[PDB]
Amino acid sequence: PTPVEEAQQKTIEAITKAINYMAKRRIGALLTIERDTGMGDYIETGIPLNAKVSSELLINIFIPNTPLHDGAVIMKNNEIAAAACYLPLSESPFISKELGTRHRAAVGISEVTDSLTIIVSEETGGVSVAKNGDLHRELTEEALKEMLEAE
């Protein structure tokens, strides 16, 4: 595997471990992975980290009632660029009515970028992904990992 490919695999393992930990504990989370559409305008709204990825840091960011937990984490390649970032709210009618602002923000950024956003529901622990204006809910651990590997 090339170093780039190994680094990607490590980042995916770190994300999936953090998401699984948060889902089990009903820690709401909103994590956008920048792809080819640059997200600088949204990164600049948050608190800069420019930090190496780890499952530990991802989990620490989203702990309820802490400075960094409200808003989106935006990742650039193998780094956490910023936390507590603004994303635009979607008005799509295909967002389940019971869902709150994290899911609407995720679909919103997915309408104007090619990013992949993962959401953990604080109500149910369900994991969802927003991409290209669509929300895919109730993902298994295996499905999330496959989606990330394909991305």
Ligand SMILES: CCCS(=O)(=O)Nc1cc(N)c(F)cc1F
The other form holds:
2 protein chains.
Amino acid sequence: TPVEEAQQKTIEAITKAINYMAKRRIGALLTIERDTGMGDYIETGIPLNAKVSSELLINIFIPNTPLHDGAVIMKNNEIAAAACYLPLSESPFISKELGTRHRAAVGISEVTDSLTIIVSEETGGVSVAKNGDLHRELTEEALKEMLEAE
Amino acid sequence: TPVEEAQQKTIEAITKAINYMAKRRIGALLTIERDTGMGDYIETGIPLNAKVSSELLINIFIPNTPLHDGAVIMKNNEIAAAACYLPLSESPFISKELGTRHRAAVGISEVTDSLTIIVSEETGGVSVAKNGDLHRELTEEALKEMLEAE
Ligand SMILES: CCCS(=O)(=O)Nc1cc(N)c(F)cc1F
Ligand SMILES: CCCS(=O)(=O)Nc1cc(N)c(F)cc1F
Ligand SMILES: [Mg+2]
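Can you give me the structure for the form deposited with the named molecule bound, which would complement the form solved without the named molecule we have just seen?
Full assembly next; the chain just shown is listed first.
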């Protein structure tokens, strides 16, 4: 269907961007809104309401640029805003070597049903936060499976 | 009116981005559609259909990124597409030392009523192409006035 074809295009764009940033160890934080509304967090960032593309996602997260610090939040198959604030988790069960990007992802996942993707600037490792847990060191296939499952 | 205020915000976003890129010698090519529709050229680029911000404009043109080569085409208060193709002018009134961004800007200005802004990556100079003419070495004040008059 058209809806299915658009979902797969968006998944492909995300995974291509994430792979590029993982290879270059570009830190990234990308939250996909689901049933719990995230308008309060969207409003803390720079409005985009942009079509998704791997190119735009990459350009957003380039280090030392206006938009790279904070979360991209996606909603209704668009990039709603960039450089958004997310609440930092206080969970004592996050790996102790991880920093604020991962704690922000876990934090939003504790109070929403969203799915957040994180790329580590230290290692290029890819992780996903959902339901208060962080799933670390994901392969490309594993991230794809999570996006399709979501 | 709201239209008038939106125009003012868009002009403020453009001038802030251009000023930042000029200071850093970040090459840029930004075409503002007016009454001649530019769909043919928009369709050659990556679709964004994004709300304008100085932050997004800057992020687009950062060197060695997916979106930085080619033109951004704006429609009113939106960035329609990035990395767009524009025709190259053969005009003999383009300074011989100038490269493809300036020739593309003059080229589109010969077949549309659009206004195109160019930042030189060699000098940081700011120029505008309109109606087949290139006006170089613009001050911040002159650029803002040209945009307001447009
Ligand atoms: C612009 C970065 C915001 S963030 O990525 O979501 N991290 C972050 C989030 C919060 N709430 C904070 F107090 C401090 C932070 F560094
Ligand atoms: C991606 C570059 C597109 S451009 O900025 O409009 N420059 C350009 C434009 C045309 N038409 C060309 F044949 C070669 C070019 F380099
Ligand atoms: Mg002069």
